[PDB]
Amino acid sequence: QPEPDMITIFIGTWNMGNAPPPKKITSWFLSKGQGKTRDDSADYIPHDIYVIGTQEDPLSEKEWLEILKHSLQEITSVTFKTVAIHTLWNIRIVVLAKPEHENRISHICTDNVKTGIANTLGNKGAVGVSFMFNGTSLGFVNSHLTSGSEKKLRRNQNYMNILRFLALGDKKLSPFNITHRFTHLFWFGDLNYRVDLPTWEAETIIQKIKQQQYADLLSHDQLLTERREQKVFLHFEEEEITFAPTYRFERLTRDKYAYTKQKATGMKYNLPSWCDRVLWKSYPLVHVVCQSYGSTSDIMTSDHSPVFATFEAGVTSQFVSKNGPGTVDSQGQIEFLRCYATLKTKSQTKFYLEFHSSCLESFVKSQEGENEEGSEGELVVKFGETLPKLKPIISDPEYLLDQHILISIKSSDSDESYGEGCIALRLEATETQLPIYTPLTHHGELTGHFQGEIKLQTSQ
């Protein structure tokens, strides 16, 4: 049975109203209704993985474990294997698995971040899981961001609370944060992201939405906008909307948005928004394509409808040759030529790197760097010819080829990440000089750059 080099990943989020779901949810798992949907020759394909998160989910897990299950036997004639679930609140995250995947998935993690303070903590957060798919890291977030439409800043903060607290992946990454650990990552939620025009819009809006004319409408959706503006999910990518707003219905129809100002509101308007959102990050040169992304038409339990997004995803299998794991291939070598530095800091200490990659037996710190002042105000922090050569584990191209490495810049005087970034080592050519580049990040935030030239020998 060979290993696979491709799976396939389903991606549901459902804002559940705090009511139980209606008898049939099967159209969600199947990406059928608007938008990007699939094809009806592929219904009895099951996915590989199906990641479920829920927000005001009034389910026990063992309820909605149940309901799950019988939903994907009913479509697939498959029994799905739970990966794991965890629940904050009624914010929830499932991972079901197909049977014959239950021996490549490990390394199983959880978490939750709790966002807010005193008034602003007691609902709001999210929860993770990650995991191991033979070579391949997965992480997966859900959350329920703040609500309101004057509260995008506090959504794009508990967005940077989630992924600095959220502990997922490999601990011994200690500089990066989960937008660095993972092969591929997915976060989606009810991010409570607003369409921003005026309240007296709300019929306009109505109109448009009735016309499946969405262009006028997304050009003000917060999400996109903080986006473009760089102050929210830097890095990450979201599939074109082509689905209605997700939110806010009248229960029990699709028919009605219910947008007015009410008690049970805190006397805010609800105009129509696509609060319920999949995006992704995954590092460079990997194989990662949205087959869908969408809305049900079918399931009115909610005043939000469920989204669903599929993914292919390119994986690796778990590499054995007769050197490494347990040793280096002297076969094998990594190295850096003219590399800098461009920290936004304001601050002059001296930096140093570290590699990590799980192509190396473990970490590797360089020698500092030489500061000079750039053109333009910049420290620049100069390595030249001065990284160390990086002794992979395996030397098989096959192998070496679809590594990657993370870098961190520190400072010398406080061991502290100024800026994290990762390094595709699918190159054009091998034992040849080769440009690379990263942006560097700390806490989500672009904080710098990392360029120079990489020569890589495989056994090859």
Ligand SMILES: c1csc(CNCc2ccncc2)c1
Contents of the next structure:
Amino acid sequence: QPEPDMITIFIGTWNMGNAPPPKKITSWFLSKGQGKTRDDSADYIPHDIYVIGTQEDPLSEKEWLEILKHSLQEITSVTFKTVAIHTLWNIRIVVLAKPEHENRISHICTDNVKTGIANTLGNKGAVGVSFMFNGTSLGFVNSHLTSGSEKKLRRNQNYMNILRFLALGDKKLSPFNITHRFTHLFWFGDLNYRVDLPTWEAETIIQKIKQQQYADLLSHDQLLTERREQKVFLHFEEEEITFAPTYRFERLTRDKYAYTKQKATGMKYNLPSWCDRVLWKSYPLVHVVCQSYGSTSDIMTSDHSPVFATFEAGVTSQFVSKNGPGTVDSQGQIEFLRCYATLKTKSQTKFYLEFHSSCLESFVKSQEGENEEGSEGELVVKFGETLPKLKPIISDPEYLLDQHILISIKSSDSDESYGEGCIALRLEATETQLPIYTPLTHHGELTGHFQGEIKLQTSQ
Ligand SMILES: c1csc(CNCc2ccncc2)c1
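Mind giving me the form deposited with this ligand bound, seeing as the form solved without this ligand was just shown?
Below is the whole assembly, all chains and molecules, this chain first.
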């Protein structure tokens, strides 16, 4: 039975509005409703992995698991296995997988982050799950960020606290946050970003939604504008939105947006908004294709509609050779030549690199680089041809060309990372000097760049 080189992943996010679900929620898992929807001819084909994020979830874990499993069994006639379930207050993530994948899934991690301080601590935050699927690491984050149209900056802060403090994936990747620990990272939830138009325009916005004319609304969506200004979700992708705003509906219909201020809303307006989102970040040159992104039309117990997204995702097998794992394969080598880091720091410490990869027995520390001043005010750290030759555990090009090298640039004085990035080994050529590049981030914000040349030797 051959190992897969692709899987499909379902991501759902639903803010349930503290109400039990209706008796049938199959449309959610079938990617049916509005937006980029799934073809009817696929309805019986199970996804490999289903990841369900809820917010304002009133059910116990047991009650929700029974509903989810019975929903999937009705659609697919497959009894899914529970990989993980994790709940923080009323924020929950469930991961289900086809039974044939049970032996392929390992290193299962869960965590949560509580956002805010005092007043703002007690209901918002994130849950996450990570695991290995054969040779591929997968991470999933369900966040419920701060509400309210005038709190985009707090949402951005919530995002940075979650990616800093959520402890998922390989704890040996110590300089790296969740935005670098996984082959594929999916981040979804009630992100709570709003359409930033005047209150007086509410009925105009409703009109536009009835005409399915979303362009002048999306141009005011805070998540798209904050992303375009590099204030949040740097280096994440989102499929184009082609479904109506998913919030705020009158319950038991989808015919009415309930936007006006009420005591129950703290006297806040809730103009129709795309609160409910799915974003992703995959390592460079790994296959990831969004095959659906939309909202259901027929699940009306909440003031939000459920959102679905589905993906093709490249995966790799758990490779064994006669040499690695448990030794190096002397027929393989990675050389980083004429590399330099450009840093936005005003610090004048010396810097060294760490190279981390599951193709190495352990991470590799470089010598210190040579600091120079850049012409427009920056620090350039030059490494020359000084960098240690990396010795991969396996030299087979079928394995090595699918790997990635994480790079951290650390201060000699403090050992703290000033920037993290990732280089694909999916090169155009072996035994050939080729340009490489990654942006460097720290706490998910841009701190610099790393560029130079690579020369990869495989067994072929
Ligand atoms: C439910 C869905 S995944 C899972 C974990 N499976 C661990 C494993 C067991 C044997 N061999 C390889 C991996 C439980």
